[PDB]
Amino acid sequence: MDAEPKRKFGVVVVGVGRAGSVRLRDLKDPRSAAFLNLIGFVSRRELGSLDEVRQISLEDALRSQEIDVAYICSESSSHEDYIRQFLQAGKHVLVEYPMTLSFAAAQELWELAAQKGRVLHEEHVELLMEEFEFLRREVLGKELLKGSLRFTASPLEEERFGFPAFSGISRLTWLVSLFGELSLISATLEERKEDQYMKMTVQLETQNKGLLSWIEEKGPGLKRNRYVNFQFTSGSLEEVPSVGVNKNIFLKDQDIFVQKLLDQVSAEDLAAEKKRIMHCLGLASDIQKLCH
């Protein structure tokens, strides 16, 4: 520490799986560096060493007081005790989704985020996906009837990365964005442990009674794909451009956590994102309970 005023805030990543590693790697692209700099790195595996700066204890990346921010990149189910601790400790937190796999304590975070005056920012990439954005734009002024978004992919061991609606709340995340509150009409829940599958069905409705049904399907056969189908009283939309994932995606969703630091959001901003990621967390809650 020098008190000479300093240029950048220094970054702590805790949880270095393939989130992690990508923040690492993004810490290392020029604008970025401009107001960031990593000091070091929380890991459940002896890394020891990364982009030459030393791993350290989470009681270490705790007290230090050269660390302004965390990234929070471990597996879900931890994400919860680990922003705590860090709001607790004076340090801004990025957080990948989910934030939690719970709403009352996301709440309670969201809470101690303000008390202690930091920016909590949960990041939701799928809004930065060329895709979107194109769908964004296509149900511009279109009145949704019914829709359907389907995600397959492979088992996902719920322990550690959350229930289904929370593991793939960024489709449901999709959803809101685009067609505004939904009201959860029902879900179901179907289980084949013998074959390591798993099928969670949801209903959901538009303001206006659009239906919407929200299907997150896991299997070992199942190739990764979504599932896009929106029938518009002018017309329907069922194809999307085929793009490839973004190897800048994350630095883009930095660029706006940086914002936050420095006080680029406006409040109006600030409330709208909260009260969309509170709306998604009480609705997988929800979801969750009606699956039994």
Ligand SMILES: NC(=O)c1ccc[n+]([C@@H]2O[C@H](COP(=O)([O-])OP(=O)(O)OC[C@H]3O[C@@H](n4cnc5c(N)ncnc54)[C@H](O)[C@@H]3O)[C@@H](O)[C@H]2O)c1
Second form
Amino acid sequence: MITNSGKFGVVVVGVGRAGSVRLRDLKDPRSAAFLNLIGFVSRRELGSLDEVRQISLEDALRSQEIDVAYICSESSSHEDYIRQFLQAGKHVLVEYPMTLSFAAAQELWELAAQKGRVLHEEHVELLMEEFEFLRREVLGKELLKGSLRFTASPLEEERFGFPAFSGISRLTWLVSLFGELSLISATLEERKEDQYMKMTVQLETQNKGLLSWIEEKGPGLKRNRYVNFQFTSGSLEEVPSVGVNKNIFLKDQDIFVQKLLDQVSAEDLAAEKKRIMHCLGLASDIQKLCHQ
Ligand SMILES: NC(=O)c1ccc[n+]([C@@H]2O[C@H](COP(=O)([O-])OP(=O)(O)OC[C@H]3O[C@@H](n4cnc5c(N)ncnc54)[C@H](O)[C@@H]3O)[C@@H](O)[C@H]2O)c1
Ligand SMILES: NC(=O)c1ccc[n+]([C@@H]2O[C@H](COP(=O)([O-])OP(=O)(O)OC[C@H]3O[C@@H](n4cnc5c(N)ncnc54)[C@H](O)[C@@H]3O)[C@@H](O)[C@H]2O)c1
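Moving on from the form solved without the ligand, kindly provide the form solved in complex with the ligand as a structure.
All chains and molecules follow, beginning with the one already shown.
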């Protein structure tokens, strides 16, 4: 018999850590009712991964069975892939940062609207158990001053982008919790000899709260997050982690599916886009302050 599936055909682009996780999740029962994994695109000659076939980029853009593209490649290639798939009429889910350029991001949102497609930038950091804790903590409190520092191993800027972009998840935490921020200063310390880098950013909330955001990367440095928020009524210097954020990417996919089903209000869609663009704008400005 001839039956037209009501499910959205998905192609995963880039099979690194994120891509592998997306492929795994697309096989989960939580993905069964609305999504159909068609294949994956890779710059390497894999041919297939288990029962999932590799499809050339050219064929993926042409295929009428593909309705959605998950862009999981390195940051520097996101812009190009997003543009090609939107132009081809496919909905797009892309891992943050969607681009390494504010202007480029503006262009892509406009293109998505033009083609009537959903463009979704994944931000699992807002779905973390640790963030739920912070959301409850800041509720009804006035931020006087605070600091958020994240340390980790070296990361190739050429592939993942400038630190403000590669670590935009930390900035997203701050903007989500305290609203739009104004940039006061930004400094970048680079010791390529020791594969070391430290970016220090000073931001200000609309309530005069002063925030310090530091991103540090160096050999041997363990992945650590330091939080210190001082409020007018109470303080916070530690965020517990008792879970492992299981199925966090499926939670993000669930949001994307709600958009595909057109079950997200215009207001919610607008608020999210405004936040995304504000963060990308700040990252872009921070880069200029550090490089110029
Ligand atoms: N055409 C190509 O070269 C090519 C290459 C790759 C993928 N595809 C994909 O294949 C799908 C369709 O083309 P296809 O030929 O490959 O698939 P297909 O025709 O081999 O699919 C077969 C299924 O359709 C049913 N069916 C088809 N015509 C029927 C009829 N008249 N009466 C009763 N049942 C019928 C069969 O019984 C069977 O369940 C699309 O999803 C397309 O993207 C096509
Ligand atoms: N891997 C994740 O958990 C995750 C979460 C959100 C966004 N992303 C984005 O996915 C794309 C590539 O991701 P990948 O992990 O699949 O490729 P990858 O497999 O090439 O990554 C190799 C290494 O880089 C690290 N890494 C990747 N993106 C990073 C980032 N923004 N900041 C700090 N370390 C990072 C990984 O954890 C891993 O140790 C990038 O655009 C990235 O920002 C990845």
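Positions refer to the first chain, counted from 1. We call the rigid core the largest set of C-alpha positions that still match within 1.5 Å between the two forms.
**Student:** Once you overlay the rigid core, does the Cα of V265 travel 2 Å or further between these two forms?
**Tutor:** No, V265 moves less than 2 Å.
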